[PDB]
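Full structure from sequences and hints, please.
Below are the chains, spelled out letter by letter.
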Amino acid sequence: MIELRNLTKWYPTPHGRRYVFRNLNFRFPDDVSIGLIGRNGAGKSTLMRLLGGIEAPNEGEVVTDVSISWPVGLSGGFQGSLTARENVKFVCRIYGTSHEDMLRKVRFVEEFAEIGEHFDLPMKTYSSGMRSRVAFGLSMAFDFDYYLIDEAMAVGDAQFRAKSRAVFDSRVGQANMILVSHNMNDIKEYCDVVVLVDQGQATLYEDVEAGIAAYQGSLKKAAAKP
Amino acid sequence: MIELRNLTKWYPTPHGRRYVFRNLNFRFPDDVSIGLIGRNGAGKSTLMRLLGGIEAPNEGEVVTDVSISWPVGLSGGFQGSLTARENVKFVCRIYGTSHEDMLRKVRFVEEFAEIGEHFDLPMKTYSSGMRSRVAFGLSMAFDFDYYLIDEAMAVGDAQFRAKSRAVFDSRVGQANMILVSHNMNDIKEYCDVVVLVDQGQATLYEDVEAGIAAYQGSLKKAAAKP
Amino acid sequence: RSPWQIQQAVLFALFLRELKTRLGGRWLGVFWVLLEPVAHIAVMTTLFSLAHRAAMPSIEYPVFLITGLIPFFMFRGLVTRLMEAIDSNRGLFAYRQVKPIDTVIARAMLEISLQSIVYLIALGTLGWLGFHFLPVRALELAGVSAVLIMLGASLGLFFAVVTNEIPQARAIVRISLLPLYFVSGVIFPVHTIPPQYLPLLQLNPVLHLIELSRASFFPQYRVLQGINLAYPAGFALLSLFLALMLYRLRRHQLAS
Amino acid sequence: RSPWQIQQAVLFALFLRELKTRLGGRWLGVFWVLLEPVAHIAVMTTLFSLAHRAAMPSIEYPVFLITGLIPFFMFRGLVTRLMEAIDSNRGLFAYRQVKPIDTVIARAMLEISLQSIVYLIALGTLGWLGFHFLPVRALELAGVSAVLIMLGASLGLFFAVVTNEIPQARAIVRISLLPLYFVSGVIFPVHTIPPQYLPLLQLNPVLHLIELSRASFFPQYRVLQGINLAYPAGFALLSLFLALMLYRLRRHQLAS
Numbered sequence: 001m002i003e004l005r006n007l008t009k010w011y012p013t014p015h016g017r018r019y020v021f022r023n024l025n026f027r028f029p030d031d032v033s034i035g036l037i038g039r040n041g042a043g044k045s046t047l048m049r050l051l052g053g054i055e056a057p058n059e060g061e062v063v064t065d066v067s068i069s070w071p072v073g074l075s076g077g078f079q080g081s082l083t084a085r086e087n088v089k090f091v092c093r094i095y096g097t098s099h100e101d102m103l104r105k106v107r108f109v110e111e112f113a114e115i116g117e118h119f120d121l122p123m124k125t126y127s128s129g130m131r132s133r134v135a136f137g138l139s140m141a142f143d144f145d146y147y148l149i150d151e152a153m154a155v156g157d158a159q160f161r162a163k164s165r166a167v168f169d170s171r172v173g174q175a176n177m178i179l180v181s182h183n184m185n186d187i188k189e190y191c192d193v194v195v196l197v198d199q200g201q202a203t204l205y206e207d208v209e210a211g212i213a214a215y216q217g218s219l220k221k222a223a224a225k226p
Numbered sequence: 001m002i003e004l005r006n007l008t009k010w011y012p013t014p015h016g017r018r019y020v021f022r023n024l025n026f027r028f029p030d031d032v033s034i035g036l037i038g039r040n041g042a043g044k045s046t047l048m049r050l051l052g053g054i055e056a057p058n059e060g061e062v063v064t065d066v067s068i069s070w071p072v073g074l075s076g077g078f079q080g081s082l083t084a085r086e087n088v089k090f091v092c093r094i095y096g097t098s099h100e101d102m103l104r105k106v107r108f109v110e111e112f113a114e115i116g117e118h119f120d121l122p123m124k125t126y127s128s129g130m131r132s133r134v135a136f137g138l139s140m141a142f143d144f145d146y147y148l149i150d151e152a153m154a155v156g157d158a159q160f161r162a163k164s165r166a167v168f169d170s171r172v173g174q175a176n177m178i179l180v181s182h183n184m185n186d187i188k189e190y191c192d193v194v195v196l197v198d199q200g201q202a203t204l205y206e207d208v209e210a211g212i213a214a215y216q217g218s219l220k221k222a223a224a225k226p
Numbered sequence: 014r015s016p017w018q019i020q021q022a023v024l025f026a027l028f029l030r031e032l033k034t035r036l037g038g039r040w041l042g043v044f045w046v047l048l049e050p051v052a053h054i055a056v057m058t059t060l061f062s063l064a065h066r067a068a069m070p071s072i073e074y075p076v077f078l079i080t081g082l083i084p085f086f087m088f089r090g091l092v093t094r095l096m097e098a099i100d101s102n103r104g105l106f107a108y109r110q111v112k113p114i115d116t117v118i119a120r121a122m123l124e125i126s127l128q129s130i131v132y133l134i135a136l137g138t139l140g141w142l143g144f145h146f147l148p149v150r151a152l153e154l155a156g157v158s159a160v161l162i163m164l165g166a167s168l169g170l171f172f173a174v175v176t177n178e179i180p181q182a183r184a185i186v187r188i189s190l191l192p193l194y195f196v197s198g199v200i201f202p203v204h205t206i207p208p209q210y211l212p213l214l215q216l217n218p219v220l221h222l223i224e225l226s227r228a229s230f231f232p233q234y235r236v237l238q239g240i241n242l243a244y245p246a247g248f249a250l251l252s253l254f255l256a257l258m259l260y261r262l263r264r265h266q267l268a269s
Numbered sequence: 014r015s016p017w018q019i020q021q022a023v024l025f026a027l028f029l030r031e032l033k034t035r036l037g038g039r040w041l042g043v044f045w046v047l048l049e050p051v052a053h054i055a056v057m058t059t060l061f062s063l064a065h066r067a068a069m070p071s072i073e074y075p076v077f078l079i080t081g082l083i084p085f086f087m088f089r090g091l092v093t094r095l096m097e098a099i100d101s102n103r104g105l106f107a108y109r110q111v112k113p114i115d116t117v118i119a120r121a122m123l124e125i126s127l128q129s130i131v132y133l134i135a136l137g138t139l140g141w142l143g144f145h146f147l148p149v150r151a152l153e154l155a156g157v158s159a160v161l162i163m164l165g166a167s168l169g170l171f172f173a174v175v176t177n178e179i180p181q182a183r184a185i186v187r188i189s190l191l192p193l194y195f196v197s198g199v200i201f202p203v204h205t206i207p208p209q210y211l212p213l214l215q216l217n218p219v220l221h222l223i224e225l226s227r228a229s230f231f232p233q234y235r236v237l238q239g240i241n242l243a244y245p246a247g248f249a250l251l252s253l254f255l256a257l258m259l260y261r262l263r264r265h266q267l268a269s
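Residue numbers (the deposited numbering), protein chains in the order written: chain B, 1 to 226; chain A, 1 to 226; chain D, 14 to 269; chain C, 14 to 269.
Incorrect hints may have been included.
What the hints assert, rightly or not - Simulated pairs of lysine to any residue, SDA-like, Cα-Cα distance not exceeding 20 angstroms:
hint : chain 1 : residue 1 : chain 2 : residue 2
1    : D       : 112       : B       : 87
2    : D       : 33        : B       : 86
3    : B       : 124       : C       : 181
Hints listed in this document are in silico derivations from the structure and should not be mistaken for laboratory results.
What follows is the structure, given as structure tokens:
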């Protein structure tokens, strides 16, 4: 149960306020997978950041009673000086995890990363793929009711892609995902409803193919404009 | 002519020195395209960085009489607080390029990037795609004898990828390329010889198909190990 | 999930985070945070012992210098580490349920605990050398120390909120702190300077706080006129109100 | 492509690169860097004018204070910005033909040029106020300034090479610099301190350099015994040789 009430997000620019969302009120459908689609720069990343708590909306708010994940695979929240074990310790300290649970989770993350001795090395001493693996592990760590994905299914090598897909299919049926992908096949496979974001407005389609056709028609109309 | 003489590179780990290369001496074939292939962690990326001068070898040296480029699309060499025009100007001063040449270099990068007013805005406000675009433009700005790619064909959108592919097709016949890609179709299309990296040793195959078969056999042998 | 509970949890997390960063990676930060006071002790004792003997033959130099130097060190540490709290953990606001004020108060409590430990250690090693360490009036000393701590934390928070998106201001306030070492009269007794420049020096709240702390710590210590606690107390209250108000106004803009 | 031309090009690029960072983006760093000396001049003139009049009735305070303060500012700036040169541009080492020594000497030349500008401006505004600004012996002053510059740059390079992969040392050398402000006798004439602590203070090379600069700048300035240029000159030469040798030994590890 997620609602955006009077959501108005804008960015400060030298030419004025660049409005991303203007008084946006929208209720997400409950206990279903959601595919967030739209044009480039339409605000899908901004909407996901607002949903995940990364960015606080200027006006209005996001009201939810279920756990909403941060963007999966986001390595920007880490500290370069801290190690992976300390980072996941701080992350589970945010959510008030018990000692036995966080210990096991830490062991689970260390097993999933398949990083080894570097697990005890700081984030700064990490590669992009290594950071992506760690971020994916901590994003799938907490049993979130909603998982936010923004092109995180194409990170890592082939083996990590297969492992992530296998674990994701294991999590299918136990949690709902909000996925932002330019590939419509992924939207068809992993989403039950479609939310199209355009001109600061969100439109809900209970049929995936109808929303895909609407997005393609919007793209054609934009391309036909001289 | 590119040669690695006594190249010994290791990684500092708490359990000792994680050696990547041990007394590696290898001569690259001249005026041909090279496909650097190998297993994950075999040492393709670090060898590419050694060729590009990003990281110096612990022992030995690299002797070259031709220009070797940095990893194309790498945004790690930029300054977040400095704008793209001053960044490419600084890179021009690095190679000692004349004022008129720097001007066009700047104009060429600005026209290829297709970014706009953000071209006068710094990289700390840039996204991943914007950084990839400006890095690609600064890479093509100089006429290198050898261009190095590590999965740089999957960056950007479809239009940017098509533009980069067309530019590199126009470039083919004027300069050489070392490509590190897991897709062997690109190796067959773009590379004339194959260099397989395994256990700190580099093996040269004048036939691309023979090198691909050797790498596949090595993968099968590794998978068959209990 | 009450707001106080999650606030306490994130404060404890942020607190130990600042600890790990401030203290050495090999558990060695206690060495330098104990070395900073003793060097100043040595140089001021070798440079101004006879001057203090000519000043007053009642209080020996080491205890009198410590009891003013450690509060000043706490004040300068509070200001310096508090003003840099927000622009040091910019990658930490990505997670929700966290705020910059949590980081600044975690740094404040870390600095308070470290300087309290240093003060207790200095008092212990002073009493181990046969000097006088027991405060005659400890409640007034505690109140003065609380006022000084609040003033320092308030000034640090004000400088953190105001000088966002302009680091250059943080460059100059340091050079504003160096004369404050000598203006406050922590090293030498203020009873020696002629009154011709006293009215300009009475506007320093930390001066009043240091003299009042010394008066409450020592038996029969003469405090000169116009060293009331009312002026630094009002300064601290007004600055704290202003800083909290400015943080509340620039709340969402601060975290980015 | 001889190494000298590419070295000059990368030096110019690094220099202007540093100039952009050190100076404000609004071209206003000169305002703060001109505010730094005048505040010290004001506080020392309002705090020690009559003491200097009692010291000697021959040289007025402002010029005597400037001619020692600005070289000390150059020295401390050289040390501070040179010790932080390598661990500030880690990414820029990705490009070939960059090296860390180019960064440290670009910062050194930027600091030298900026402090030379500040010195010329101070001399101009001193001569505009009717004081004495023209050096009586400029060649000896230039030689002393060159020796001081070489010593400062050498010490900065030594601290940059030695204290790699340990930032904490960079935290303590700064606290070593604060007593050096008073030890060197830049503020007050050294002729007043009793000889009982002179020899321990004769081991500071910058003290000898400052007195020799003042002697070469002023007509009929009395220099006390044991202020030979040989000791600071040998100190600077030995430190420069040691720092260059240590950098040559640890070359590839510094680049990382």
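Evaluated hints:
1. A C-alpha spacing of about 18 angstroms is found between residue 112(D) and residue 87(B), which places the hinted pair at or below 20 angstroms, so the restraint holds.
2. Taking the CA atoms of residue 33(D) and residue 86(B), the gap is about 10 angstroms. The hint holds against a cut of 20 angstroms.
3. With a C-alpha separation of about 18 angstroms, the suggested pairing of residue 124(B) with residue 181(C) holds against the 20 angstroms cut-off.
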